[PDB]
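Take a look at this one chain, the form solved without the partner chain, written out in structure tokens.
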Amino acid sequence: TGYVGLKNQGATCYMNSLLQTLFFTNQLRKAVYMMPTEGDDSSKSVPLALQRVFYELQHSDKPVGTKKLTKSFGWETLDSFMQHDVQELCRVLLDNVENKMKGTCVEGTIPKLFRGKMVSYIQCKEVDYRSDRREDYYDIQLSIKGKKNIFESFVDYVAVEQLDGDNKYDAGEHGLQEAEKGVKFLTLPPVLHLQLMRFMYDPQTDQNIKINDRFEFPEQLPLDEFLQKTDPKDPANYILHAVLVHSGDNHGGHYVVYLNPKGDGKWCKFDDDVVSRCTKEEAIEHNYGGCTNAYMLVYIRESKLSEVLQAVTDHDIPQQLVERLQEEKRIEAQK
């Protein structure tokens, strides 16, 4: 394979899958390498710990550990991962990286890669008043129940909700007014993170249940029809890059991530320390479900594929970062 896996040092659940997905976001990895962490503390700095993990994944021939990384942002118990969905963990990592990039050239790199623009609108019917609420988004949670595939999920995602009964819109001064509620996509990020809503509740037993309904996702995803304004020369055509899967329908289950890091159709399976070649069928079709199925998908805009997946070489790692990390080994290599 040529790629190195991550150690299983506890009940980190989806973390190892997320780290591999972000590590192969080459443009993000390069940005992480450029972070000025010379003065940061080794124990408390998430950006530094994140640099160490990416560095070891790129140079180490043995499984890479993540104890100091989890210890940096405080998720040191299985519970910590039970409290949050996968996207909320991705937010803690990206926000730690983005803050450290403030006051630099690479500032705003995370928003450029992951952030999208949408608007939540409420339009009155009898009277002329419209409330537009602009909101950035770094991920999209798709409803899969009764939905055949991503295409059908996006159609439902943009459905128009009606407010006309007792649930009339409180327009403040206008009081109660029949209105329509909806969401409109303004832009789609170069790297599209999609989460499938497979965790459900379930009031009778008062527990969260995973639904294993079949949900299909293509290798090529066209999303131009859902944008409010289309941009010629930059079509909203996306290419599948990673497939995060889970088995067991519980936090105590099995977590793995499938990736074609080069976006060339050559897929690999990342199962903790074991990285093995696999077919497109094992990575895609075998994860549609219908208890091992996909819960998160990563798509990359085709026009930005060369830039997002640009090759990262040793020259892209600052010497200061290398000297510090290698200095760290000498202390630990004292064994």
Contents of the next structure:
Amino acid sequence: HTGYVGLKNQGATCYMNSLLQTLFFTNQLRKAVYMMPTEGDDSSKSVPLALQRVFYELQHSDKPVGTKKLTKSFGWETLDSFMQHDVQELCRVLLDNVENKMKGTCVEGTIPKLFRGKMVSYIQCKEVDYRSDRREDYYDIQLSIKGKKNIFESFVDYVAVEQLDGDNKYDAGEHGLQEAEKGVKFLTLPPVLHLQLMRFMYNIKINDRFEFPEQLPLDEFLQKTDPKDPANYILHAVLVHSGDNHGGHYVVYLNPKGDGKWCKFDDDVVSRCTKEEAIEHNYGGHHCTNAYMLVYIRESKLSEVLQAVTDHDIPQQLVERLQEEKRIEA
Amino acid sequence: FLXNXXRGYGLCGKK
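What's the form solved in complex with the partner chain like, now that we've got the form solved without the partner chain?
The next block holds the full complex; its first chain is the one shown before.
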């Protein structure tokens, strides 16, 4: 009545099931994951193969999907393992593993293509001729929540200029201490944006209203826009927590096709839901149910990122390995 | 890690 199957609840894995669905419905990622050359891999320690297995089961099982081989492969297996890590670290663990496994293959560079951006930050001395520029690659964008009404205010905060003056005067080395500015602008924004909302600070949880839109235009935060490719982003996933830091229940909302038809993914129960439940009902306020992670897809890349996946996208070598595994266990 | 001390692209260990 959905067409989508859920993930088993097998312990306090917090954000993990939400993230797994989120990555699974990044269809371009999914197809590249299927292409990884894992035939030689040791199952009990291969996270690239365990992610293939999970995606295979999500695409083909009609019953809820287990993850125990996956949490074994990356070694988080104690009661509170997932409560000592956060979703940004698990994102990096999964994406870096699969990135490396595609090095040297037909899908090499898929992870950077989908997820890498570039920024530039600078220090410009106000009163002598010295500037330091720093270009670096990024993956996700951590957005400050506390004291920000909406995602626009957070991006404004992200790129707000900082005065280095008086007591925090920048030392320009040869020039000694100098008044300077520090600032930031994005050079590029990747096809898939993972925005991490800083609700869980230090240990606390900010439950305040934080408004985020269905279509998110970001041209204003680039150093140079172009026309006929505006940085216009479409909301794909809303990863949600309920509670006050202490444990809590984790759920993800997705419109997997990018068409604004939303579903709620609540471990083994995938149910269909209103757009209001996915968006405005996760703004929070003063409710303690609210987004901590948003996934946006660039409008110009959406058809690309959400390209149809068929059974023919999963190699035979892999299908046969996974079905043989099932034979053994039975 | 990025200029702002947030995590950047890839795996970078503990601060």
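Numbering follows the first chain given and starts at 1. For the two forms, the rigid core is made up of the largest set of C-alpha atoms that agree within 1.5 Å on superposition.
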Once you align the rigid core, which of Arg91, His254, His174, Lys117 turns out to move its Cα at least 2 Å between the two forms?
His174
